[PDB]
Amino acid sequence: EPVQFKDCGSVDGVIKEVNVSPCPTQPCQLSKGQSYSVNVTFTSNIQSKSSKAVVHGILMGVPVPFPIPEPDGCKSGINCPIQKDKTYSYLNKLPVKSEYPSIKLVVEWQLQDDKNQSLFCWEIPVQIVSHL
Amino acid sequence: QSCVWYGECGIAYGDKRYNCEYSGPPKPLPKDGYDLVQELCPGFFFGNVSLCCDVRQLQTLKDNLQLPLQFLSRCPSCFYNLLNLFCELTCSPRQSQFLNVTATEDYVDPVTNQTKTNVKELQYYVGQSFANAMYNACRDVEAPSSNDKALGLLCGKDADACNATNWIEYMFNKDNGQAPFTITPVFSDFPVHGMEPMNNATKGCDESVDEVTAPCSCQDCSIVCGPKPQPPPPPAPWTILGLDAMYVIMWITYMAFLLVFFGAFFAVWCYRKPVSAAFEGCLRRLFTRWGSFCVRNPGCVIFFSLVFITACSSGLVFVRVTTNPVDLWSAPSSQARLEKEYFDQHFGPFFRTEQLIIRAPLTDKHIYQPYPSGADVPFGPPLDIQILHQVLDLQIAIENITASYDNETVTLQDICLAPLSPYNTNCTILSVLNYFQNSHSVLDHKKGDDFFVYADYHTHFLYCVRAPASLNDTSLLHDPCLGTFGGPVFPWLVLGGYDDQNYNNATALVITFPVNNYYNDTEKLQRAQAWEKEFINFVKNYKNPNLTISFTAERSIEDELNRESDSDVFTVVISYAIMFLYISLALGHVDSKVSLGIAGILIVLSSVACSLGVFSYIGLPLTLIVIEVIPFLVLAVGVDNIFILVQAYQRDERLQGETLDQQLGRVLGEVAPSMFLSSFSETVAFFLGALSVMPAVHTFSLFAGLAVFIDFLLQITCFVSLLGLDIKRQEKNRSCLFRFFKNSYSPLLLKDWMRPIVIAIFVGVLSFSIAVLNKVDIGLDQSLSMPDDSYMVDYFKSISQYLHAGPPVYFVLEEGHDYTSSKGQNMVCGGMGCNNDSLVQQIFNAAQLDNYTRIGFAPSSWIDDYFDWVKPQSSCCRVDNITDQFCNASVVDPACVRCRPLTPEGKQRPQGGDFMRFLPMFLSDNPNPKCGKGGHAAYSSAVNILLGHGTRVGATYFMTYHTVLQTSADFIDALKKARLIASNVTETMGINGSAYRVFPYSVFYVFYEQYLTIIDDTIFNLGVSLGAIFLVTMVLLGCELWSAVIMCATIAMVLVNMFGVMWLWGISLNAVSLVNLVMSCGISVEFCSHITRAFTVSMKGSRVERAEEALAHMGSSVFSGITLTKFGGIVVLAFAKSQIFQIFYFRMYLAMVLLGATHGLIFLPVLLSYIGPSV
Ligand SMILES: *[C@@H]1O[C@H](CO)[C@@H](O[C@@H]2O[C@H](CO)[C@@H](O)[C@H](O[C@@H]3O[C@H](CO)[C@@H](O)[C@H](O)[C@@H]3O)[C@H]2NC(C)=O)[C@H](O)[C@H]1NC(C)=O
Ligand SMILES: *[C@@H]1O[C@H](CO)[C@@H](O[C@@H]2O[C@H](CO)[C@@H](O)[C@H](O)[C@H]2NC(C)=O)[C@H](O)[C@H]1NC(C)=O
Ligand SMILES: *[C@@H]1O[C@H](CO)[C@@H](O[C@H]2O[C@H](CO)[C@@H](O)[C@H](O)[C@H]2NC(C)=O)[C@H](O)[C@H]1NC(C)=O
Ligand SMILES: *[C@@H]1O[C@H](CO)[C@@H](O[C@H]2O[C@H](CO)[C@@H](O)[C@H](O)[C@H]2NC(C)=O)[C@H](O)[C@H]1NC(C)=O
Ligand SMILES: CC(C)CCC[C@@H](C)[C@H]1CC[C@H]2[C@@H]3CC=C4C[C@@H](O)CC[C@]4(C)[C@H]3CC[C@]12C
Ligand SMILES: CC(C)CCC[C@@H](C)[C@H]1CC[C@H]2[C@@H]3CC=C4C[C@@H](O)CC[C@]4(C)[C@H]3CC[C@]12C
Ligand SMILES: CC(C)CCC[C@@H](C)[C@H]1CC[C@H]2[C@@H]3CC=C4C[C@@H](O)CC[C@]4(C)[C@H]3CC[C@]12C
Ligand SMILES: *[C@@H]1O[C@H](CO)[C@@H](O)[C@H](O)[C@H]1NC(C)=O
Ligand SMILES: *[C@@H]1O[C@H](CO)[C@@H](O)[C@H](O)[C@H]1NC(C)=O
Ligand SMILES: *[C@@H]1O[C@H](CO)[C@@H](O)[C@H](O)[C@H]1NC(C)=O
Ligand SMILES: *[C@@H]1O[C@H](CO)[C@@H](O)[C@H](O)[C@H]1NC(C)=O
Ligand SMILES: *[C@@H]1O[C@H](CO)[C@@H](O)[C@H](O)[C@H]1NC(C)=O
Ligand SMILES: *[C@@H]1O[C@H](CO)[C@@H](O)[C@H](O)[C@H]1NC(C)=O
Ligand SMILES: *[C@@H]1O[C@H](CO)[C@@H](O)[C@H](O)[C@H]1NC(C)=O
Ligand SMILES: *[C@@H]1O[C@H](CO)[C@@H](O)[C@H](O)[C@H]1NC(C)=O
Ligand SMILES: *[C@@H]1O[C@H](CO)[C@@H](O)[C@H](O)[C@H]1NC(C)=O
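So the protein lines, in turn, are chains D and A.
According to the entry's author numbering, the first sequence is numbered sequentially starting from 20.
Those letters in the second sequence? Residues 23 to 295, 326 to 641, 650 to 794, 815 to 1255, by the entry's author numbering.
Since the hints were derived computationally from the structure, they do not count as laboratory data.
Yeah, the Cβ is synthetic: ideal placement off N, Cα and C, and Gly gets one too.
Do not take every clue at face value.
To be clear about the criterion: a stretch of chain A counts as covered by chain D if any three or more of its residues have a C-beta under 8 Å from a C-beta of chain D, and this derived list gives those stretches [unchecked claim]:
#: 1; region: 413-425
#: 2; region: 503-512
To spell it out: a stretch of chain D is covered by chain A in this simulated footprint if at least three of its residues, at any positions, have a beta carbon under 8 Å from a beta carbon of chain A; those stretches are [what the hints assert, rightly or not]:
#: 3; region: 74-82
#: 4; region: 114-123
Produce the complete structure using the sequences and hints provided.
Structure follows, in structure tokens:
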């Protein structure tokens, strides 16, 4: 579903949509030990040879780095090399592992190009839920 | 043996320093941080220390323990073992016995290039029973601003699944960001690898760590606290067979009487099938002669009577008026009054209060969701941000008022009371906006990020309703909520409408202006009342459609009564008008004698005014309620006498040779013994009821007695002459009732069958009255003394409906206690070594009961706080070494040392002259953010110091709050039980005599102390009044004890039926109800006397004949005179405006009148016909 997000400065790209699945209500509640799929519709404002996906999670006003399995968006539905002005939507999927707490938080997402300028930047608050 | 890994030279990042490796012997302490060794873990201090420890290691432990100290320091028993664990684990003297380093590497010195081998990792052998006893004994400590477990905040996860092994694992992991290096804990209970772990002694919640440190509370530990206390409620009703046990004793007695009665009558039907005369006779003749004299000397008589009226009523120049309620309702020498005199003298009077009960009707509750974790928290309507801003706006505006009195301006701050002044001078306002300090910025500012708030005003409110004495929220906001005046604001004092702990659910807002009350000073009180007046006007004119305000002021009750007192003189004037209207048409039957009825009204008013003026000379001040309730009564009696006299003349036919005076002397000589009996009986009744101890009833009783007497005298003297003059005068042209009574009423009433029924019915009604007697109320609502359209009524409704706290209580420990000795402190001491039956603990238990005792909260004793303050561990106190001056907790620390030496002996309480030595500094201590509350804002008032003679301590009090008190019964119960607690402590203290005693003081005690003896006061007062009536009656009527005893029995019946009607209309038995009854018992004679006199002085044949003859003759006069006139008066008074009149005077007078009418005109005829004295 298209989710509300706060743009933290998409300078090298234009977000067209952010589709997260499954997320019926927002902030979308993600039950522990369960995989979720992300779709990110964006319009690129620059040409970048490579693409590095960046994820930051903020708890209590403090950013936390979260490493993902894959650091490149071209093997996630992005055709490298990136050409200017083309519109591409990034598709991801990630599993929610156990042991994680049942919080609420803000996902921060950046996409740095060759010159290190974010092709898109959005932030979205999701709450870790239990069995439910 | 020896220690390893000594010092800390490496560094990982930030401040984390890896301990340097050193496997030599432990290097004794550098003698520098003896204090650290003492404060951190004194188990090592028995000096040869040889401790492997380092002062920089101690101070880095101390630095790391900051937040764990803040959370787990609540229950010392737990934080004690946790400290026992770190200190030993780090620099214990047998450190090699329970430790083995694993990872270490060279540490290059940037100072010398010399490699030191840092201790990166090692294993720590911990007993299984130690981690189990530690986590399980401290794991119950709850967190602040929530009812969760503090482990929920220290595990890094819910305190619900942090295993006892996992939390320590998390603590030792450098993955948190706090541990400078990770330590691998080893939970082995047996020596392994020749290495045995260590677990020093541990203490559970069922034990205190030190002989001065109390065990953990049951607030933070579940095992210490067992079954709550409960008192046994005894109803003590007899309830013979299911009902009141009086409904039955009476119904049974009545049936027995009715059976012996129709069992005598029916049986009778079946069977059928110088010693006395010497003192009265001279009275009739004397009175005739004096009446004849006065009829032939009208000028002199009238002149002397006017001279009398003026000489007595000219004293109205000295008329006082008493309006202070204490003077009105309290005897000058009552026990409670003496207690108030002692309390007002040593601690100053209790303060004033201007409340304000705000409410938001147009809003619904909303939910607050804590961002990190937790359950939903609902907030009441009034806790809306918009409503909070508007209420803050109202409060800040209420603060601006500076009413000007006597060309001087007094600000609200100037009149309010500031405990800690002139350091802090703002003033006491007890509102939930003080949690935010009455600042829109403090109320508005949020500590969150987009699409969420991290911390918020609701969150801030949540933390300090839990701990109202903090100096910072200390929870992601770090803003205090202690209050601008300095001193806690207890949440139960500022809110109402919530459910027993859920200040989230509060529905009303409480706000208070305490104002200083002054002892022997009137200009300041005048100034305060002028400010309160302006406060009321403002609040009255404030619109704010979003709010429903209930307000009150200290001087408002007096204003309501002075307001209502004056809006019904129009009632007494209309009453007089109707009395005169009736008198004009009823006085005899241009056949009208109106000139004389007006003369009678003026004589009556003359008697009233004369009574007021004489007593003003005497010095009795006016209550303005009496000046309003007195005239009706006096008018009733005076008119009653006038009609008797005038009508005997109207019905008199002139003999053979009497001009005018001869006839009038003959009539007055035959009528005066009766009128005199009625007047003397009433004067004595009133005066004797003027023996009770209450200045309002005392003074009223005197006034009315004197007025009635003067009225009788002036009336017999001035009016017989003027009646003679009118009688000459009325004739030159310049009965129907008697027919009825004789014709159809007397004969009918005296038939042989109607008479037994009447007697039976009346004895039955008396039986009922005696049955429902002990169900009469005691006390006054305190809400009915106000008009109906008053805002104080709404305020009382609001109080009863919302407030959760009541009037403050002060348990004053009288002068004479020691306070400077172990035992002298133990008898009062609310602590550890002091008795378990100590004053503070006894008050605590009483508050734990809470219903069998109406004392709601803990004492908040000052001596416990003083000791907490003086303890070396707190370290708040600090004196100069040479000047012996108090070093504040915020001070450069140049050379000032701790008050109490930091040794095992110095920890103990200050028993000698040091107690006093340090006490004044405590009372002078301010609220330091590093120290705490300090002892100046709360106890400066509570402690008295006497200069010289060893500087012995003065009288002190321990103030606790009452429970919400709604009814008079509730107030009396509270008084009783406070006295009970004080009595217990006084008895337990075992004084070698009665040199001193504890006693409780509350504001309403002076007004409610009479109801602890009102029953015996009423008994005595009624019995004596009835005995006086009896004696006067058995004397004046001659000596025929039979007639007198009959009259007394009839009046006693009248009183009992008065009590029955009391119970039936819900009138209460206070001192006003009691005065009116003692009066009615004296007004009843007015009825019962004429008939009995007409019976006694009769010479017919049979008892029946005498009774009927008396009925016709006198009752024709008595029914038109006394009954109808009183009835018209009361029906006019039935429309009151003060509630007190309309309830008590109106109902009591209607009852007294109609009861006396029925009794006289019916039960006396029959009872006399039956059992009258033969002759
Ligand atoms: C008086 O105050 C108490 C204090 O909480 C109120 O109780 C709470 O009521 C609210 C009302 O809606 C509930 O949300 C609170 O919580 C429950 O927690 C579960 C999860 O465990 C949630 O799924 C629920 O939706 C709910 O949020 C509840 N909590 C507690 C501890 O009582 C009470 O309502 C209030 N009085 C009134 C009349 O509301
Ligand atoms: C009441 O006491 C407080 C602190 O004891 C005083 O402090 C400030 O009040 C002013 C308003 O005059 C605010 O601007 C400040 O923000 C308050 N202090 C701080 C640090 O914020 C206050 O002056 C005293 N009197 C009144 C009327 O507030
Ligand atoms: C653990 O308890 C032991 C008890 O012996 C402590 O050992 C020392 O302290 C005792 C209390 O005074 C002394 O009686 C012992 O003699 C002394 N040890 C010696 C001299 O053998 C030990 O310090 C305690 N550890 C801690 C800090 O808990
Ligand atoms: C004592 O305080 C009040 C006294 O009324 C008790 O609260 C009441 O709750 C209901 C009325 O509000 C009724 O159930 C009772 O009047 C009373 N509750 C009881 C006693 O069942 C409160 O419970 C009492 N608390 C204690 C500690 O005795
Ligand atoms: C498309 C959606 C699912 C992206 C969000 C992925 C979620 C599951 C990721 C993003 C940030 C991650 C968090 C980053 C930081 C922490 C703090 C750590 O002490 C516990 C794990 C925890 C809480 C992580 C759990 C998993 C996490 C919440
Ligand atoms: C993040 C929260 C839960 C941590 C709470 C527990 C903290 C305060 C405890 C757990 C482990 C402790 C540390 C363990 C290691 C050392 C090195 C030692 O030579 C001095 C004490 C010191 C520096 C301790 C300081 C206090 C400490 C950090
Ligand atoms: C009625 C005639 C005889 C005059 C006597 C009037 C007196 C006793 C009445 C009129 C108003 C009454 C008062 C009404 C209000 C209060 C405030 C309460 O907190 C104490 C009782 C007190 C103070 C009452 C005492 C009795 C009272 C003062
Ligand atoms: C520790 O506390 C737990 C809590 O239930 C208890 O079961 C256990 O017996 C306790 N062990 C002790 C006090 O040694
Ligand atoms: C009330 O206070 C405000 C601000 O403190 C001030 O501007 C005003 O003059 C004061 N008096 C009023 C509003 O009558
Ligand atoms: C007090 O009265 C004088 C005149 O009697 C007047 O001039 C003065 O202004 C008054 N006080 C104030 C504060 O105005
Ligand atoms: C409350 O929190 C801080 C935390 O640093 C504490 O030191 C202090 O007592 C209060 N506020 C400030 C700003 O210090
Ligand atoms: C009541 O609250 C509303 C909230 O916007 C405000 O506009 C209004 O001025 C307040 N007072 C009223 C409506 O009397
Ligand atoms: C209380 O009174 C004394 C001192 O504590 C003692 O004789 C008695 O056993 C104590 N009992 C309790 C339960 O406190
Ligand atoms: C405290 O005073 C005593 C007595 O004058 C003196 O011996 C001692 O050195 C002083 N302490 C300090 C720290 O100056
Ligand atoms: C603390 O004590 C010092 C000592 O004189 C004083 O100057 C300062 O004002 C005090 N501060 C308080 C009591 O808040
Ligand atoms: C007063 O003391 C007696 C005897 O110690 C006790 O029975 C009674 O309960 C006490 N009163 C209370 C606790 O209200």
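To see whether the hints hold, each was checked on the structure:
no.	hint	result
1	413-425	holds (count 3)
2	503-512	holds (count 3)
3	74-82	holds (count 3)
4	114-123	holds (count 4)
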